[PDB]
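Using the sequences provided together with the hints, build the complete structure.
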Amino acid sequence: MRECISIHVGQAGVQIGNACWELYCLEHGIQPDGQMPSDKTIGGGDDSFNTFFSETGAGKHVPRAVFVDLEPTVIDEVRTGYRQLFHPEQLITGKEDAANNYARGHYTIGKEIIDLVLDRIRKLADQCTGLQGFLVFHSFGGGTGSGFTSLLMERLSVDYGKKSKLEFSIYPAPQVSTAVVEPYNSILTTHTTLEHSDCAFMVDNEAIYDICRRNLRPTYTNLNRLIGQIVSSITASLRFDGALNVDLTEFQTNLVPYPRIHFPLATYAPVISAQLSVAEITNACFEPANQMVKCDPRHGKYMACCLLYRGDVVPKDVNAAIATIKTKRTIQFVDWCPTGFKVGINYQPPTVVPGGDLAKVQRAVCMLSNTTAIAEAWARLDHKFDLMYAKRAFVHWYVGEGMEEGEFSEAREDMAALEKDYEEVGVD
Amino acid sequence: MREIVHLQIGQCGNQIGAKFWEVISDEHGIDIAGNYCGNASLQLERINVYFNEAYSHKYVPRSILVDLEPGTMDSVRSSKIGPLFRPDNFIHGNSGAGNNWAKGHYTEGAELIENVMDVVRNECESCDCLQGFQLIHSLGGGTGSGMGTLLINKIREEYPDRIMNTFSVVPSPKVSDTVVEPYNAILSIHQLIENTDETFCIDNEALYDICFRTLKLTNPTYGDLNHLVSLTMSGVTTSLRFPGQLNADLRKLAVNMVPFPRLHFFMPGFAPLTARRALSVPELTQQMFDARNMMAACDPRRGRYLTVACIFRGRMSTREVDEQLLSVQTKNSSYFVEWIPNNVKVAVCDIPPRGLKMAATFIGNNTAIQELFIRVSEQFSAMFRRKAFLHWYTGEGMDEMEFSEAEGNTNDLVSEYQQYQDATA
Ligand SMILES: COc1ccc(C[C@@H]2NC(=O)/C=C/C[C@@H]([C@H](C)[C@H]3O[C@@H]3c3ccccc3)OC(=O)[C@H](CC(C)C)OC(=O)C(C)(C)CNC2=O)cc1Cl
Ligand SMILES: Nc1nc2c(ncn2[C@@H]2O[C@H](COP(=O)(O)OP(=O)(O)OP(=O)(O)O)[C@@H](O)[C@H]2O)c(=O)[nH]1
Ligand SMILES: Nc1nc2c(ncn2[C@@H]2O[C@H](COP(=O)(O)OP(=O)(O)O)[C@@H](O)[C@H]2O)c(=O)[nH]1
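Each protein sequence line maps, in turn, to chains U and R.
Quick note, the first sequence lines up with residues 1 to 81, 83 to 217, 221 to 278, 285 to 438 if you use the authors' numbering.
Quick note, the second sequence lines up with residues 1 to 276, 282 to 430 if you use the authors' numbering.
Derived by calculation from the structure, the hints in this document are not laboratory data.
A portion of the hints provided could be inaccurate.
As the list claims (entries may be wrong) - Pairs of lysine-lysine, DSS-like flavour, derived with a Cα cap of 27 Å:
| id | chain 1 | residue 1 | chain 2 | residue 2 |
| --- | --- | --- | --- | --- |
| 1 | U | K304 | R | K154 |
| 2 | R | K80 | U | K401 |
| 3 | U | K326 | U | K336 |
Said to hold, decoys possible - From the structure, some residues in chain U lie toward chain R, with a derived Cβ separation under 8 Å:
| id | residue |
| --- | --- |
| 4 | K40 |
| 5 | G44 |
| 6 | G45 |
| 7 | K96 |
| 8 | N101 |
| 9 | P175 |
| 10 | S178 |
| 11 | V182 |
| 12 | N216 |
| 13 | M398 |
| 14 | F404 |
From the three backbone atoms N, C-alpha and C, an ideal C-beta is built for every residue, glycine too.
What follows is the structure, given as structure tokens:
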């Protein structure tokens, strides 16, 4: 009765989406060719995975996925190393990359390909009768994953204004960065997709790299597998039995009070090399060094918390863990009915990759919590933006593709307004 | 994969291109018949940028060898890679310019630019998609610099949305006996400022200094300079020839390294330089940023690195490379600009060049390149204040205001380089 259409933009989006759909086929027991051993006896939908997976006339469980990138290498990698799982009609490739430029993906190179992607989106939405919205997978640093994401968000806000759209962005990190103008692309795609995104799980690769270093340099494959595990346990409640956060409106209403403040934070305790009590893994979700964003939540104030437990976790001791968490004076909630940790427990254990990077565990926990600590990350990004705009560095690569000089000042004003609104939330 | 069309103008460009193509075909495992014989699947990956796939497993390069004398073409055909190159792509004139920039920029370059335009259009209309043009030439010669700048102007007119990468060799008095070379160098520098987006400033003065001090060879023979520039060009193009984290496929390299449309003069270097030996990470890193090791006559202590793309080749630990380069960046924070954060990009390729276990190639848009454009301009001042050989160039229709315009543009480039060096975050 409900459908979701995953959208992956950029090389990071395509690789993360392929890893995530591999983990979704692993967790739901779907065979890689597309068939299902147990649940194909019915042959129909609405079996709690119909929000993601569509069934054709041959019984194949093809995911409702759109892989869009301006480089066909990763698309051919998905189509070769999967091929019968993903239809080639819905996998859109491109000719020329935007090459770490927002304006190239937003005005010239993405504008010659936006209509075909919109037509493919409408074609995939025609099979959906009760669709909720779209999951946008992209990355902040790239040229495709910022410019084409911004143009796609503009087109989906003009054409699909009754729908809610998520966001799955990758925050740039100095450890693994292929560009220098990642602050410029990130600030421009934040200013353009501020009014068109309703939940942005921006995760930086620095935190994933630090977790892989201290618990598991690690390459992009280990980062991709860990990020796929993180996103799979984030969206575990949407593809399983209904406790909470089973819809996009539930995500938008449990965590996002403001039209602009839609940047949650995820935290994961059970990262072990390939047991642990409930109280310590609940405590480890409040550790600032285990968060998916490199920031300190103790200097900010919380707004919401949606603890999602995976595996055989008894619900009696979760409340005792909640009490032992709340006895500490670290958490300082907001002062207009802040509620608390809305725990929902899924009894299906999470499945890890056989011989991959994470061991199979019985107790798993994730903390989808909104806070004002993301304002430190936006202050860092605007500080890097201000350092490269006092002397107008790298400006000409964007103006030469149709953009104007005043767009950078407009994005700076928008980021100043976002920082001011975060401060006004943070000040009673 | 995308496709790059290679262009070599002049006998210096032809000789260095032949040595560079031999080094690449040794590195990529391609024999003289164009058939793959390597042992790694990475060598056959990203091969369509340089080698055209002909019939019966023949990987011929898409090289356009352009000259004005047939002796250079006969020397190319007499070498080992002569049958490997495309015979239909040979273009040669009858009479060379002979250190005459006006003769190669207004008369003979103009009379052969239609033929090289037809060859370029024939190569480009067969492209699935065009990535850019790589140009290798010398700024001092007669048909080299003039025909390179005329080809640059024609390419920028025909394909304004394509990159232009130039391996421009700046002439030096220590290896070249011709006196009129500051005229050609300053005129080609003024053309490359206004009509090119990338420039690899390889200087023969620093090559002679490297061969004199490091290799302890008194004679600056052209074979050793050819081998050194070919090794440095292979180490630079290992980003384009092999997939990795830093692809730097022409446009990405220009987005990373070039902050301004005039200040796009690079400074390539090669740390383990050996003539025709323990290798490790911190010795290679401390040899990477040395003044003596770099292949341009510059002083990096007097300038600031605007962008750095240090690429390592071989089997090395990536964590130790990252730690050593972070220690280098923190220990020498006064040598880098503080208003461009994270300006050092590191990539590691597992395939080393042949003859070396490990390699270390650095590309940089340092501010110290303005010393080279002060040296060449001040040699141009000593040759224009007395109008030496000015009757040759002005008799070909060139105005004498053209030299004043080129001198003013290079002085403005020096002034803007110094102004952006004096600014601090
Ligand atoms: C101040 O006193 C001096 C001190 C030193 C010297 C050194 C002395 N002269 C120069 O460099 C002058 C270069 C000007 C260009 C002129 C501008 C070319 O357009 C002329 C041209 C040539 C051919 C065809 C059409 C047009 O001539 C050359 O390149 C000639 C090419 C010819 C021989 C093939 O080649 C040489 O010159 C040699 C033979 C290879 C070496 N010559 C020298 O060592 C001279 C003087 Cl006067
Ligand atoms: N975690 C993770 N990040 C990635 C991956 N691939 C690319 N990135 C991010 O992408 C950023 C740089 O962007 P690009 O290299 O241009 O890749 P892109 O975002 O897909 O943009 P395009 O190349 O134009 O498609 C880096 O900061 C990385 O963090 C990946 O596989 N895993
Ligand atoms: N590094 C290097 N430089 C060269 C070589 N041959 C020529 N040059 C330089 O190129 C300049 C001459 O240009 P040239 O190619 O001969 O011009 P042309 O005679 O008109 O084709 C001289 O100033 C030399 O410094 C070489 O083999 N190696």
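Consistency of the hints with the structure:
Restraint check: the Cα-Cα separation between U/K304 and R/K154 comes to about 50 Å, which exceeds 27 Å; the hinted pair is violated. Among the hinted pairs, R/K80 with U/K401 is inconsistent with the structure: their alpha-carbon atoms are about 51 Å apart, more than 27 Å. For the proposed pair U/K326 and U/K336, the alpha carbon gap of about 16 Å is at most 27 Å, so the pair holds. Because the smallest distance between the Cβ of U/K40 and any Cβ of chain R comes to about 38 Å, over 8 Å, the interface hint for this residue is violated.
Evaluation of the U/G44 hint against chain R yields a violated restraint, the C-beta minimum of about 44 Å exceeding 8 Å. The restraint placing U/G45 at the interface with chain R is violated, with a minimum CB-CB distance near 40 Å, outside the 8 Å limit. Given hint, U/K96 at the interface with chain R, holds; its Cβ is 5 Å from that chain's nearest Cβ, closer than 8 Å. For U/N101, the shortest C-beta to C-beta distance to chain R is roughly 5 Å, which falls under 8 Å, so the interface hint holds.
Evaluation of the U/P175 hint against chain R yields a held restraint, the C-beta minimum of about 5 Å falling below 8 Å. The interface hint given for U/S178 is met, as the beta carbon of that residue sits about 6 Å from the closest beta carbon of chain R, less than 8 Å. A cut of 8 Å between beta carbons decides the hint on U/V182: the least distance to chain R is about 6 Å, and the hint holds. The criterion of a C-beta within 8 Å of any C-beta in chain R is not met by U/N216, whose closest approach is roughly 16 Å, and the hint is violated.
Annotation: U/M398 was flagged as interfacial toward chain R, and the flag holds, the nearest CB pair being 6 Å apart, inside 8 Å. Look at U/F404: its Cβ gets to within about 5 Å of chain R, closer than 8 Å, so that hint holds up.
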